[PDB]
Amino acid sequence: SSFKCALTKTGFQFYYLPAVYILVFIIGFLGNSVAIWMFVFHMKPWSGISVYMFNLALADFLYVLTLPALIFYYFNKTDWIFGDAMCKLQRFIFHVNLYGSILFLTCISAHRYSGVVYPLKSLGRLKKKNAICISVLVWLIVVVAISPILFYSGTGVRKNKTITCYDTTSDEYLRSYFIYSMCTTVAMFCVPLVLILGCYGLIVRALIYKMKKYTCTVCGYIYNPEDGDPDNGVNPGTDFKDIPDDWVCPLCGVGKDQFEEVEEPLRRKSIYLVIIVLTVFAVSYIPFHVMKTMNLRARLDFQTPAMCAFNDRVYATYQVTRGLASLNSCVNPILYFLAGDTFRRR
């Protein structure tokens, strides 16, 4: 007989995961409701960034709205009572949010990269129209790519007579599902992650190289390392700290001590982007994608009595990493502030 391992459902699933979802739900609702208000009604002129970020706030918000049912499902010992159609919807909206977020973060990273590494030369490519078209596509690519989940997922009856809402699919269709899940993880997670780390290295590199500008607090004259002050014997490409003390402002004659660092908004936002997005990937996206795959494998290839112990640890970890996937929806809001365009700047 086709031996099936015995599985173990912990208190994390029935009691403690739904509690976390309640917190995500509340904070997520607040964070993104406010964010959406700030974009739609206070940011225009939107740069391409605000276009992308608005799309994130939009997808996180709609996702959060699916939490109550998920919360109810775990409180109800994972017995799903809203039927097949709503199960498929729950899972569909989860993965659309998941992969939409990933791609939008890629666009945001790409956007910021071009603006940082090619400041004078990308202007046309970074305009808002392009951002809107890219955003439409991103939704098209995701909906198309994730649509099979409407087939694969859905409702099923357990031996104990309670109803399961598959997040993946039932045994009869697992093989093809595995192949499908491999494609999306490769195309809509692995590739992006590579593109993102690409951008990020280049961005950091350009930021560490770019010499700081300084400004005369007495007459406003900006010193640009790129131009230097050739007419007074400072060559193009000299750093302000390398200028001998005896130099003075060439416009009014005050000393170096009267100068101050020019605050470069784009450098700060780029670093806040890197830090936040790498954190999010390490806590929410990577562990989930590792564990989704291992857990499918376990279900297919590692189904023997020797493995079962290891297997329900995998299943157990999978549950936590699936819960950790939801944290982007109440962390992304800090992105919109710290890494997005500044309110007015005028």
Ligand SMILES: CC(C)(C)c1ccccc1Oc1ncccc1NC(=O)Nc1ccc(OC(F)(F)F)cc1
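Here, rigid core means the biggest group of C-alpha atoms that superpose within 1.5 Å across both forms. Numbering follows the first chain given and starts at 1. First, how it differs from the form deposited with the ligand bound.
- Checking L126, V143, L89, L195 for C-alpha shifts of 2 Å or more between these two forms, after the rigid core is superposed, gives a single hit: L126.
- Fitting the two forms on the rigid core leaves the C-alpha of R205 displaced by under 2 angstroms between these two forms.
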Contents of the next structure:
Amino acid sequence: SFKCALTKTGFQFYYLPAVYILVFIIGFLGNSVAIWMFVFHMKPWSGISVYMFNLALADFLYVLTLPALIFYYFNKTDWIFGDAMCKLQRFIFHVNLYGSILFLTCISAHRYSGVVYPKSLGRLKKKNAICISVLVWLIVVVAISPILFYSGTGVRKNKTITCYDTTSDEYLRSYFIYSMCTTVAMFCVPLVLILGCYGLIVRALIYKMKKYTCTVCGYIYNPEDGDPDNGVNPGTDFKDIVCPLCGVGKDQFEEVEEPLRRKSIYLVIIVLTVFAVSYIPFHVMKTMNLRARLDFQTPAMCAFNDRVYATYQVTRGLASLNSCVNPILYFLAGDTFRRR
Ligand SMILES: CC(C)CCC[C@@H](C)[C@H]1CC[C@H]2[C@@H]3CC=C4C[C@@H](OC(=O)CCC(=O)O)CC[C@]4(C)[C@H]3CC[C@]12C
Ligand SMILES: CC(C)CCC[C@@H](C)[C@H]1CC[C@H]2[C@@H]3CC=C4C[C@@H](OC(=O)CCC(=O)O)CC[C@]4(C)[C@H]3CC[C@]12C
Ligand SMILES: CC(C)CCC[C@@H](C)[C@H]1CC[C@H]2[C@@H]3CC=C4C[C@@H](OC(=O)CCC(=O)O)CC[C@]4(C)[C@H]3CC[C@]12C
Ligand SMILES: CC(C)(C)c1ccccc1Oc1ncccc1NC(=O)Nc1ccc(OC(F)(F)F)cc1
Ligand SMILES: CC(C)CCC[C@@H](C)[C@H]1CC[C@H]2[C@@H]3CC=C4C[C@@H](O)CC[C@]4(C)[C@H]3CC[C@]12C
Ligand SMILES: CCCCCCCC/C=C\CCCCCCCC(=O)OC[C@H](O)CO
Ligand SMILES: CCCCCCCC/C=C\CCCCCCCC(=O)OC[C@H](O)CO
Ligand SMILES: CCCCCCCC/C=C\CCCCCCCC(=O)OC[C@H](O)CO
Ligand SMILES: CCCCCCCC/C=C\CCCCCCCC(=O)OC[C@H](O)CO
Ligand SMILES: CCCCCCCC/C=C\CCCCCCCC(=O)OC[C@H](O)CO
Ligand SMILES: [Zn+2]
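Given the form deposited without the ligand, state the structure of the form deposited with the ligand bound.
Full assembly next; the chain just shown is listed first.
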């Protein structure tokens, strides 16, 4: 059985530990602040707050495991924590990955319901968000539990201990099949669902006219309500046309800050960037690398497999970066921190 003599040193053995240190420092800080802010500076929690707290919980838990991984790279890739801790290290990475994707889908589906179908179902949205969150954690734990079988420690020829990121050669093909099932069900399907929600969010927002406020008095002109007292039909745009309150001209009017529109665009921008930079490259490369390891072990393919392996290492770092990028979403796409 021919095998491609893999030789990649001086790059990946510096990159991943540096990214892991960066993610630990920024991720522990941001998620500690977020978890502190939701628990002690938010009462009651809205629908999105429940999903955002769960996303922060998935990130902090994963961030908590990083020093072990950083140690492993600083210890010439020799795992000293045992078989069980290796399995738990790998399980948590995948639980964080898929839990994050599913909670991002929850936030996306929730904003679509708020933007398209807006009425005060405050407690109804909170109770449903808690129930959905529990189900999401149950789905993720169950679907990701095989990682506890596949992953584990292995003794190298030089007597060192590897903590397998995938699995042993005996279960590798089975692992690829399993990974394809989770890639399709917990990455591909949520991605199509997020895109649909975002397309419908952008469609609903672009089809509606913007409100204008007076800098002199503070009167808000609604395009749908209009101003029939002066001679403006309800439904007409601001450009189609004096202020009914104070009496100043149109020149003293500026566009109103819409909280739902701003939080929706921020979510659309941040999530799409995160899928384009982290989620999509990682899933493509994870798959490509397993495919090369299983089906492309011929001398003519070795050079290409090396490039795939190196590119995959890059995406592993990008995948981990989400843990320190996600807190930004709680302050730019989330509800204000208030205790009522
Ligand atoms: C309170 C938080 C927000 C501040 C973050 C503190 C950092 C300065 C700490 C936390 C994680 C630490 C790392 C955790 C793990 C390791 C692995 C450790 O590995 C070894 O000891 C193996 C050496 C060998 O056996 O050859 C070396 C220190 C290092 C890089 C640590 C250096 C200092 C770090 C980056
Ligand atoms: C039997 C086969 C066909 C199932 C395929 C597996 C997955 C494609 C399914 C199973 C569980 C599903 C998840 C179950 C629950 C949700 C919560 C849902 O969030 C809401 O309903 C938000 C409600 C709100 O707060 O307004 C968004 C989709 C999502 C992640 C689903 C996405 C698709 C998943 C991963
Ligand atoms: C308007 C549409 C076309 C933009 C779609 C946005 C994303 C879905 C794109 C932007 C960057 C793309 C990635 C750019 C680079 C690669 C590396 C590429 O790796 C290889 O070619 C392997 C061998 C090598 O490293 O040369 C595999 C596809 C992938 C992940 C691409 C998958 C699709 C991504 C994430
Ligand atoms: C977080 C637990 C559940 C222990 C864990 C599970 C699986 C794999 C690794 C793992 O964590 C560790 N295992 C062995 C050695 C180190 C760790 N992790 C660890 O030390 N995390 C840590 C987290 C926070 C922390 O406080 C600090 F941020 F530095 F202020 C100091 C250390
Ligand atoms: C009730 C809800 C949450 C559905 C959960 C279904 C779970 C139990 C399913 C979904 C995907 C499945 C895996 C898909 C592929 C493989 C590879 C095969 O070689 C061994 C079984 C294994 C590893 C499956 C075991 C069961 C599995 C983990
Ligand atoms: C709260 C604010 C959020 C802060 C967000 C943190 C900023 C992102 C950090 C680094 C970007 C990633 C750079 C990726 C560079 C990869 C290219 C590379 O050099 O990797 C090759 C390596 O040798 C392996 O083979
Ligand atoms: C909000 C506050 C801002 C926080 C921002 C701070 C983030 C630190 C950034 C880079 C540190 C990474 C250090 C680079 C360490 C490289 C690891 C290495 O040398 O590899 C180990 C090697 O394998 C052993 O032989
Ligand atoms: C109703 C709510 C139900 C919630 C469900 C809770 C499930 C917890 C999930 C993972 C923790 C288990 C971590 C398992 C760590 C692996 C250890 C192991 O199994 O040991 C391997 C081997 O035997 C040693 O050599
Ligand atoms: C209500 C639903 C609650 C269910 C929650 C799901 C949690 C599943 C727990 C373990 C997965 C089964 C995988 C078994 C992991 C043990 C490790 C193993 O399989 O051993 C491999 C090898 O022998 C050692 O090197
Ligand atoms: C609406 C806002 C959406 C914003 C849209 C943003 C588009 C993202 C573009 C590129 C990120 C993909 C990064 C892919 C990482 C591959 C790096 C690589 O090629 O690996 C190097 C390796 O060393 C060589 O062999
Ligand atoms: Zn006025």
